[PDB]
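Of the protein chains in this complex, all but one are displayed in their positions.
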Amino acid sequence: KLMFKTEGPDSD
Amino acid sequence: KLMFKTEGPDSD
Amino acid sequence: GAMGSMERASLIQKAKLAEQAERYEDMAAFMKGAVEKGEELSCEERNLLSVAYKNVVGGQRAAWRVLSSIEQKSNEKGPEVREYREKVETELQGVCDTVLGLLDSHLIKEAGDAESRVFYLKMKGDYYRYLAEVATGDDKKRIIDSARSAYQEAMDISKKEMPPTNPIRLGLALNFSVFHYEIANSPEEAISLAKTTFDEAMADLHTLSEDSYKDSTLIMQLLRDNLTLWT
Partner (left out) sequence: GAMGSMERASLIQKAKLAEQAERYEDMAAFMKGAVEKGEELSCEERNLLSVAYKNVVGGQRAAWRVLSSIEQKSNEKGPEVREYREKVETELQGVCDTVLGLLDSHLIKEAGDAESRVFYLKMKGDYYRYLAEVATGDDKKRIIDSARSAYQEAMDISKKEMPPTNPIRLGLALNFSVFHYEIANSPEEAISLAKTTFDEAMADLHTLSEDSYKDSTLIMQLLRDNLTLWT
């Protein structure tokens, strides 16, 4: 899935 | 520490 | 809890060590122990708590998506794909429930300053959002509304009490916009929120020091990244 930017560590 | 190459996944 | 015998300061110290070692499950357990001492958290401690659980749940979310994709393909081999996706899903839900439990007992109710209260309400919205990503049953609408309600309360406080460049306010708006886009199926609301947030921050950058400017523009760029994909 295309994941959009959210706050903090991009840990997924 | 400098780690040398060992077999398989370089998981460390 | 299993951290009940360790000093609060030692738990914080070990959370920082665990972060350096990339041991995020340990980091989260140490920070849970610190919260359960019952004292309020400082700004640095709140960030340790959030970073720890964000890394843990992030691994679970990525694994869940891999398994969900395999499962969906298999439905276009037995019960094993569904069983294992369910196993990961249940652990992910457990982590979210743990975080929500810490927020409800009793971080939010003791948080009176905007910086702490908005931070915790944003986290509440985030972990309900992660629950919503995996929800399919008769509670999905209620999970979505719980996320919405927490984000909305955080937004209302942030707009009254923080400047438009405040990084907490910016990251909240970023996340609420993503909630709108793909959880609430409100892409227009997401785009409007991201644009307004970006533009109001832009207009306030002139008030900031060089260091605060860097902090705010970093999150502004995330808003822009999403707007570029959405428009």
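Which chain is which? They are A, B and C, in the order written, and residues in each are numbered from 1.
Assume contacts are C-beta pairs under 8 Å (C-beta built on N, C-alpha and C of every residue); 3 or more make two chains touch, one makes a residue touch a chain.
Across C:3, C:18 or C:174, the single residue that touches the chain missing here is C:18.
Here one chain is not drawn; of C:31, C:67, C:96 or C:170, the residue touching it is C:67. Where subunit C meets the missing chain, the touching residues are 10, 13-14, 17-18, 20-23, 26, 59, 62-63, 66-67, 70, 77-78, 80-81, 83-84, 87-88. Residues of subunit B in contact with the chain left out of this view: 1-2, 4-12.
Heads up, the rule we're going with is that only the chains that are shown with their structure count from here on.
Taking each chain's centre as the average of its CA atoms, subunit A and subunit B sit 29 Å apart. Taken residue by residue, subunit B touches two or more other chains at no position, since every residue touches fewer.
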